[PDB]
Structures are given as C-alpha cells and as structure tokens.
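Only one chain is given next, in structure tokens, and it is the form deposited without the partner chain.
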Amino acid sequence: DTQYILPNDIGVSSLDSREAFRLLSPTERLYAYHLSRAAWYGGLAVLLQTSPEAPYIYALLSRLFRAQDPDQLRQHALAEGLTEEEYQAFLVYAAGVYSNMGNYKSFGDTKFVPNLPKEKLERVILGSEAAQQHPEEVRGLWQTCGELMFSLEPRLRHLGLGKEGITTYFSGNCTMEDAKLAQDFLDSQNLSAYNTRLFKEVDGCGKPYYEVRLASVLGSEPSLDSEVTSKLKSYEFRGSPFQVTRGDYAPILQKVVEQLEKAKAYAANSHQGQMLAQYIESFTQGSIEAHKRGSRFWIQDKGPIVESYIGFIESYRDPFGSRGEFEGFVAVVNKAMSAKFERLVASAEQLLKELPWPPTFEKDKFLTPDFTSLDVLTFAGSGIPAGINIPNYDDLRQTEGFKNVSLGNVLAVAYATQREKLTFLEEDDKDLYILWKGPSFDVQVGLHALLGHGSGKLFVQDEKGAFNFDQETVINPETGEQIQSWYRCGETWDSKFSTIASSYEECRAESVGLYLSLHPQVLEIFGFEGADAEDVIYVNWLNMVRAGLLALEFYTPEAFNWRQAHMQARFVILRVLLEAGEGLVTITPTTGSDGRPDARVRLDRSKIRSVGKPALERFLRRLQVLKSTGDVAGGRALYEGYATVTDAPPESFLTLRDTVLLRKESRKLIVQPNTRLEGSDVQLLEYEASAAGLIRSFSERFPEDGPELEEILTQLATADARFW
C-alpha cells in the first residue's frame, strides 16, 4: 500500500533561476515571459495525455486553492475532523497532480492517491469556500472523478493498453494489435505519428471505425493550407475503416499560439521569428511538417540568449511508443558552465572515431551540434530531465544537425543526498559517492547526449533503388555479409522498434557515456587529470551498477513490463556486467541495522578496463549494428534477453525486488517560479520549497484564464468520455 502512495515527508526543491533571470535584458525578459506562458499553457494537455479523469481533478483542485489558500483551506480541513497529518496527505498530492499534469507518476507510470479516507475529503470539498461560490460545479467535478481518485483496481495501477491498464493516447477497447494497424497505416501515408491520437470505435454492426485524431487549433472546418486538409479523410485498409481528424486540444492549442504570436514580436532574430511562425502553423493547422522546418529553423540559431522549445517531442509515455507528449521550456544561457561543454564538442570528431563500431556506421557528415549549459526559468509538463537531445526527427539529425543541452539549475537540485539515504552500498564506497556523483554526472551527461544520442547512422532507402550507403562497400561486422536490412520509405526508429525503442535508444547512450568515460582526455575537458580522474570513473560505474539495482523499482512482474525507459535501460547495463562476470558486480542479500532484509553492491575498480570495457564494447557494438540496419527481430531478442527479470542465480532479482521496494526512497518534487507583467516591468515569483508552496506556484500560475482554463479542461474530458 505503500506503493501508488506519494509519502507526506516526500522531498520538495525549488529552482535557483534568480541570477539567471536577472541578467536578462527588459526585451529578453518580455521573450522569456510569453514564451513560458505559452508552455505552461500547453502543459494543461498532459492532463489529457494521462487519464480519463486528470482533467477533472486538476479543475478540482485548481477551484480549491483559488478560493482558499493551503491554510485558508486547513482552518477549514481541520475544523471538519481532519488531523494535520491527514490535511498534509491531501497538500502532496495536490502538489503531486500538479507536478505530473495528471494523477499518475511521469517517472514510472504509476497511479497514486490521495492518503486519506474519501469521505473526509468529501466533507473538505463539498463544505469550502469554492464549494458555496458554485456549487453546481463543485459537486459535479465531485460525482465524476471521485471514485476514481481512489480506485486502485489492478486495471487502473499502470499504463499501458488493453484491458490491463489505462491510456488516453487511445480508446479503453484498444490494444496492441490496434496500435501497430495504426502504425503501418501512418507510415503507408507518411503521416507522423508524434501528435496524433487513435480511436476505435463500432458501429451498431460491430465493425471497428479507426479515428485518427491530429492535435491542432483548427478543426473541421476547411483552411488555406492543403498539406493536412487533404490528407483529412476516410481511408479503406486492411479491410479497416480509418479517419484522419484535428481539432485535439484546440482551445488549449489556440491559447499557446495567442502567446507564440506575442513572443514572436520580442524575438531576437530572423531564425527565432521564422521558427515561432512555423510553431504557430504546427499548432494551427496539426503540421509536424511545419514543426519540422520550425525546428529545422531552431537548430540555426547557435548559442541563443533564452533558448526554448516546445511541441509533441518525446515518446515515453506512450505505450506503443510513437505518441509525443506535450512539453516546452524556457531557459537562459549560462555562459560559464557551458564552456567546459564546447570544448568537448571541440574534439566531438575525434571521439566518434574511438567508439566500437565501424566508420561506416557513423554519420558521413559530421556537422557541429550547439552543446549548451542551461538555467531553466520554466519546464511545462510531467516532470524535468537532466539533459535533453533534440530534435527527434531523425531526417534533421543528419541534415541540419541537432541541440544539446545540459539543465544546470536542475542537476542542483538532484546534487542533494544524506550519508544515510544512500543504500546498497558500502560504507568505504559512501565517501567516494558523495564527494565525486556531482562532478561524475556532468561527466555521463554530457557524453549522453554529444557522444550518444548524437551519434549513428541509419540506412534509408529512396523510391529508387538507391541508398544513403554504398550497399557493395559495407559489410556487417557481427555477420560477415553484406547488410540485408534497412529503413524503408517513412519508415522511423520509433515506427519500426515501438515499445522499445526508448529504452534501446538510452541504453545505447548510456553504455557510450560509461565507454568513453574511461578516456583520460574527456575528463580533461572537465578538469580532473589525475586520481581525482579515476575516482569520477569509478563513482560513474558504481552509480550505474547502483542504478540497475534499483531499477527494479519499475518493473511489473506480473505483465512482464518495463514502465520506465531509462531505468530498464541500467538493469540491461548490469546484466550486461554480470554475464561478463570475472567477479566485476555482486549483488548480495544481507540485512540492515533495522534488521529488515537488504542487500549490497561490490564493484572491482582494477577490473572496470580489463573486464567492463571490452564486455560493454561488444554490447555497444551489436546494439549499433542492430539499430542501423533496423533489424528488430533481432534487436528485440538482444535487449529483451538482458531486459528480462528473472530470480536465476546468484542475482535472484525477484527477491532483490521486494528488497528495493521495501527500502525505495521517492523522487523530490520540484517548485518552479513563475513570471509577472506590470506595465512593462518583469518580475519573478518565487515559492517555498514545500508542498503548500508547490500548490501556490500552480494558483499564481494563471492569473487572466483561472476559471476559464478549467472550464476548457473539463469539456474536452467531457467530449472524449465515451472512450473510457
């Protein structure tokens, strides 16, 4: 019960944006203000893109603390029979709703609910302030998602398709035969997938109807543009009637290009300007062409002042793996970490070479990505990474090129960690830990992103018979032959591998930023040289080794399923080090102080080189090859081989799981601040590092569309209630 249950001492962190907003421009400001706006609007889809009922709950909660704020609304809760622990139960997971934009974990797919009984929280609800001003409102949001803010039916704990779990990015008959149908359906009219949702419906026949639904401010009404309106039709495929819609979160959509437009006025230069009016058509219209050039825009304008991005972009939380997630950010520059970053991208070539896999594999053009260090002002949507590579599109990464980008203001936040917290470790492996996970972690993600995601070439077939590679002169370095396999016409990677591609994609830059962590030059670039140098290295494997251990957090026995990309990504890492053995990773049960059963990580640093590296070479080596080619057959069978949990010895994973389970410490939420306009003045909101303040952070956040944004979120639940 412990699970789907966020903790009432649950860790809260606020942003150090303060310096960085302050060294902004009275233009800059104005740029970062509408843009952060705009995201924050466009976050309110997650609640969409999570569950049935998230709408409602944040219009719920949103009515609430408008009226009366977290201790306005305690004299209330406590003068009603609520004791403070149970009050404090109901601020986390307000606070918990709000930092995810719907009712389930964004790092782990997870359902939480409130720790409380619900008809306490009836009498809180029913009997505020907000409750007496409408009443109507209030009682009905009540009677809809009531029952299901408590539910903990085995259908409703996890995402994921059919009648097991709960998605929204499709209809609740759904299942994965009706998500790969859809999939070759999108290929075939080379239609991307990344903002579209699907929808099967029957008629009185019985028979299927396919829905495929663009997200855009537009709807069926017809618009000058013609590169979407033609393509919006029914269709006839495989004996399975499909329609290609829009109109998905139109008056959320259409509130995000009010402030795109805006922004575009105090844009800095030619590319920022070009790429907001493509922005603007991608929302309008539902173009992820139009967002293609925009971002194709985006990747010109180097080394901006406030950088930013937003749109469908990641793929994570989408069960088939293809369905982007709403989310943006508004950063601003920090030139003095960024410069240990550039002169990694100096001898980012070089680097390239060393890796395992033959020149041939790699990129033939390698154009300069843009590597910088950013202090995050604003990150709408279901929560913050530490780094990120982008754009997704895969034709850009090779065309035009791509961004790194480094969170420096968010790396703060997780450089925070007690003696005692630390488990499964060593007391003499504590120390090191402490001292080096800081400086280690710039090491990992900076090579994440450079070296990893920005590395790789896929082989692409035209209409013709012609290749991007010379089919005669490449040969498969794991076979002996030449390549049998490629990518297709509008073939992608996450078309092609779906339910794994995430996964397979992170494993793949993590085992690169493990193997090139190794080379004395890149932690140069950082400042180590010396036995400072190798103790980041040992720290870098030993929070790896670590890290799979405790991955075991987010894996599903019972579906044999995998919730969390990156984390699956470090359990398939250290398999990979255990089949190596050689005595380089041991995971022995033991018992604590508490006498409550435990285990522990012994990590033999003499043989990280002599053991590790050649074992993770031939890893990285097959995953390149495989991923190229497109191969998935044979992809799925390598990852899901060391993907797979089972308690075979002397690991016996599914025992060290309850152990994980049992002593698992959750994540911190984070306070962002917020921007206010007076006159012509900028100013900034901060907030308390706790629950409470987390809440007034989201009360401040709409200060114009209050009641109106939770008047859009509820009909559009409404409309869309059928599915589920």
The other form holds:
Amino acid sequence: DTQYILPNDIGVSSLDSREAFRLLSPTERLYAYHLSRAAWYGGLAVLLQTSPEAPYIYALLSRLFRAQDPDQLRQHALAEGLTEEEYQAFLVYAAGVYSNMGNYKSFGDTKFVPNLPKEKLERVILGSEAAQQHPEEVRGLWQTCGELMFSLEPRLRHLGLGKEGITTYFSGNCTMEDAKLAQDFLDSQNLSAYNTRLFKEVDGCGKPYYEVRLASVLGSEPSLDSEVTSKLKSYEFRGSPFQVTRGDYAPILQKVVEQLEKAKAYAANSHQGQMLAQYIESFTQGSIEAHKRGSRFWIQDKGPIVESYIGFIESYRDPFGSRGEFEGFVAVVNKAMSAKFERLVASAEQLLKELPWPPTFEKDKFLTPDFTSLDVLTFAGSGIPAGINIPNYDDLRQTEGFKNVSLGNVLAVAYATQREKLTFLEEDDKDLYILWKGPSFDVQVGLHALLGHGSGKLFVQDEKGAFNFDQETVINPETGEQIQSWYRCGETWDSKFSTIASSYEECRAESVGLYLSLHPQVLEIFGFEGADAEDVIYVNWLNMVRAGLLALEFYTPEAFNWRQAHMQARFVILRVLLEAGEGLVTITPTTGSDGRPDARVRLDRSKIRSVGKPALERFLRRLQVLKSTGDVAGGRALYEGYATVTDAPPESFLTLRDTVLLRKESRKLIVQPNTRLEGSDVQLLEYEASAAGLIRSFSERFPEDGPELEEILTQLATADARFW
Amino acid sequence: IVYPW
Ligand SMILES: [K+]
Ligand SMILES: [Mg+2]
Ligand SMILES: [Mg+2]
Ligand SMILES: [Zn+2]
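Okay, that is the form deposited without the partner chain; can I get the form deposited with the partner chain bound now?
So here's everything in the complex, that chain up top.
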C-alpha cells in the first residue's frame, strides 16, 4: 500500500520442483546439486551490485536467523516489546532482502525499508542470541547498516547515477558523462563491460582517476593466461587516466569454481565438460571471451535433461546499461510443456517473413533454435523471469544460434488472481481476462523469445571497409535512400543505445508478440481454434493495454526516468495505439466502489485488425530500421517520444499515476527449494510458502560455510566503503 | 534476454 515498504500480507509462493527432481537419475542429481551450490554462491555477489549496505544487511540477518529460527526469535521479539504485527513486518523485510539479494526491489529499482520503529528493532537485535555469542560482530554490523536500513532520503530511494540515486556499479561521484567516457575506453580496447565496475577517485591535484575492475578470482599476481593480463595495466584515454584491474568478488567466485569443478565430473557429455571448463577460466581470469567460448559450447548441447547457465548475463540494473548482474539457474526439461514450443520452432522460418520489414534486415542464415519448457530447481540472483533468450552475445546469435527457455513451474505461480484486485477493468472484461490470461500468456512468451528477440539483422562494418551486407542494393524502407549508418568494431547493442537499449528491445519484442498473435497458424500451435482463437487475441491485447496503464508505477516524474525496462516498453505500445486513436483504446478516470479515484480501460474488439495492426506495422518497421542501422540519434527520438509521460489531455497520465499507485499491489515473493547431500543420495528440501518459510530456505542454503560467507561479504564491502 | 511474470 505504502511506497518503499513491503506489506505484511504480501503474497508468498513456493516453487514446485518435486516431480521434476524425481525424474532425475542419481548422476544428474549430483550434477544439479553442485551447479545449484555454485549459483547460490555467485548470487551473493548481487548484494555487492545492489547497495553499499546490502552486504551488511544480509550478514546481520544471516547471523541472526542462524542462532534463532523465525519461531524462536518470535518468543524473543515479543518479550522485548514488539507486537505480532511489527514482528511480521520484520520477517517480510528479511524475506524481501533474501529474495532480491539486497534492500532494493529487483522489479522497480526502489528501496524498501522495515515497516517498524528502528528503536524497537535495535532492542531485538542487540538482545538476540547471535548478540550473546558474538557481541562485537553484531554491534559492529548494526552500527554500520543500521542508519541506511531505514533511511528514505530522496537520493536513496531509487537506483541511478549522479547524486540523484544510488549505484554500486559505479562509485558515488560518478555521473552519466563518466559512464559514457568509460564505454568508449572499453570499446577502444575491445573489452566487454559485463563483468566490470567503474570507480573514480581524485588526487591532491583534483584529477579524476578511473579504475575498471574485472570480476575474477585471481588478482594482481601474474597468471598463466595472457589474454587479460596483457590488459592489466595503466592507460591514458583522451587525457583521462585509466587503470584496468581485476579480483572483484574473488573469494565468492572462488566458491563458485569449486562447485563447477565438482559438477564437471558428473557432466552428461563432452560439451558440458568443455562448457564448464571455460566458465571456470572466465571466473578465475576475468575473461568474457572465455565465457563466450563456454556459451558457444552450451548452445551446441541441445536438449539436455539438466539445463543450466551462469555468469554476468542481463544488464538491466546498470544505470548505463552495459554492465551485467550475476545470475545462474538449474532446471529440469519438461517434455510435455515443451511440445508446443517445438512446433513453433518448426514453422519459425515461415513466420519471420510475416514481419513488417524487408528480408535485407533479417538474419542471413536461419539457425534452428532450441525452445524448451523447464522446471526451475534453482534461480539465484535478484529475481526470477518467466522466459529468457540466452546468450546475449550478438555475435553468437548470428553465427552459432541461441536457446529459448520457458520457466514452466514459475508460470503456474503467476496464474493466480481473484477478480477483486483486477483493477482498471470492467466487470464484463474481468471474466474474459481470468478465463484466457493463462493460455494467452504462453502465446506471448513464445513470440517474444523466438520471433521477438530471435529476429533482427545488425549492419556491421569490418576493420576494413567491408560490410556484412550489400550497400549497393539495400534500401532504407523509411527514407528510400541507401544505408549510411552502421555498427563498427567493438560496438554492441548495449554500447550505443545504452540507457534505452534494454527497454527498446523488449518493446520491439513485445510488438512482434502482439503482431503475430493475430496469425491463425500460430494459435493452432497452442491448440486455439475458432471463437477461442479470437478470445485469446482480445485478452493478449487487453492485458497489454492494461499493463501500459499499470506501468506508471515504475516511472519517476521528478527525474523523468523509467525504472523498469519491460513496463516502459508496454507504456510505449499503449501510446502507439492511442496515437492511432479512432476510439480503439480509451482510459477514463472514474470513481471506485470504495469511494476512491479509479479508472477504466475500454478496448474495441473490432478495431484491432483495422486500426491496431497497421499501427504496429508502422511502429515495428521504424523500430527495426533504426536498430539495424544503429541510428541511435533517431532511435532515441522515436522511443523517448512515446515514452514521454505528461498530463496532456485527454489521457492525463500524471494524474492517473497517482491512481495507479493508490491501487497498486506488491509483487509476489517466491520460495526456492534446497538440495541436500546425504553422502549417497541427493534429497530435495521444501519450505513453507510464507515469509518465515523463505527465511528458513536461506538459513539452510549454506550448511558448510554459512558463517564464512558472512565474513567474506563484510570484508568486500568494507574495502570499497570509501567509494560511497 | 528476459521476459517477466
Ligand atoms: K541494457
Ligand atoms: Mg549515485
Ligand atoms: Mg525479487
Ligand atoms: Zn524479453
């Protein structure tokens, strides 16, 4: 209900993984065991990539919940003067920090604080069992992270660069200008930014010193590798001093490679063995190239029983948008739910022609992709998506291929809603929503990954004046002229578009989903025919239009900034459909039954094909054209135009935003199981779908080196404390 | 990349 806090009655759901794990053989279970441990180890690094006080908070909660479980601590907290409501407010906060790996929402980039008096929480922590065993370490942690745990200062509320927000990808004094200057240095030296962080210090003179730190086990000492050690030196780029170092998250990544080497023994085949071998070299040396060679082998391993991927992958939480956050997952293939996605792959090449742009802007060769539905056993990091299109390396997607994944047992969690909280919808459309939101979601996921992220040709010029296309015959469908802009060497998608790169691509993918959901052949693949085939279409469009209005929750007017890539992408689509007008979609502010400001959303079912389809057809073409040519100047002019949030009539979005926030619902928390090793057999441990259940899953998550992982996080945070 | 729930 209130911003920057988590509700006591927040939804918690346990991830269902019992049946998938039961199908695994003894060898595959040991394979999934060590990979899970590796992922959970590396997921701790997200704490260091979130906020300065995040590692201290985890360390404090970890110690605290070790000596006293949630039920034991309850007896203490209530005897100290806390009400049952206040204690639940602390459990929810603790579960939030665990589930996000930090005190900032992974979906919204907003700070959340405990919903209880700080003076009352101090009397509990300082009087706890963990405080009686190790007084110096508990009082030290609370002294350091106590203030920032509750502080809702305007500059602390959102993630971002400059003095506007908080980020640990960069130092405190860094701005957008520093981030762009760094990107040019990385492009010049042909070094990726996925596993790098930037720090800026000043000397007695005042000259800024830039330090690009690679994430690796090894440090300044010489190693066998010559790839990255040749780069570990001082530079001078455009007058600015640049130092390339490594050793970031070294003790943590050390834990990771230990579990990856153990998981190598139980590899199903030679591809998985070489795959894990390169990941080890990537995490020990700090080589993205090594990780790319490992990802290359991963794509070659088609249709495994235990699917997995690890490393610094997605770049959403980076305010500049090129640095990756650590994640990693282990999942079991589900043959039943994967059947429908395989049919879509069979006719994928056929559906690409239906896209609103000439074949000169599509990939040269159609590489047969692998689309599988998986049951997640483990997903470390800030959150859990519904679908992923990995790897993110643009070069690999154009010569090797890629993998599409649909997280099956995660979709079942999302498929749960009462018609009471289905806001901004008429009661007539409420029923149609519930009956089809489930099935129509599967359609949108498939197109978003396979035909959305999977389509696109990037024009690249070689080191010499050699293009990967025919300049003499390729004509721009919007201007009519020949191509006069392209990508160069080192320049990637995230390199040029940066701050909009993520949201731009998700919007181009979501649009493909809506555009190709009209095709009857696609609906037949999911088994939707006749009137039902029309109903899944209307809902797929109704959900999109509604989501565009609900996206105002994730926009900050004072900074004119979007905090969520997908939500911004859905607001843009809403604006495009409004641009067409003709009564296709209207947002009317009304009054709720509770006597509070509310709104309603009308979507004309008939004008979808005659007005909506041509609207997306133009928009999708303009998106792809400015993307393929790397026309960033034009791309921002287009995207940041529709992304503009104003109080202009008749929509008045800024006024609606206060209505969206007034009637918003917090995102569900998800509890993941733990795998235990009984010497001979591997068993699965499940937990309660509650705040206390989520806490217990992390208390039993690191049995061997629990207290050790706390000291490591405290160490690494204390070292870089001067940066913030 | 990613598609959320
Ligand atoms: K990005
Ligand atoms: Mg800042
Ligand atoms: Mg989360
Ligand atoms: Zn996506």
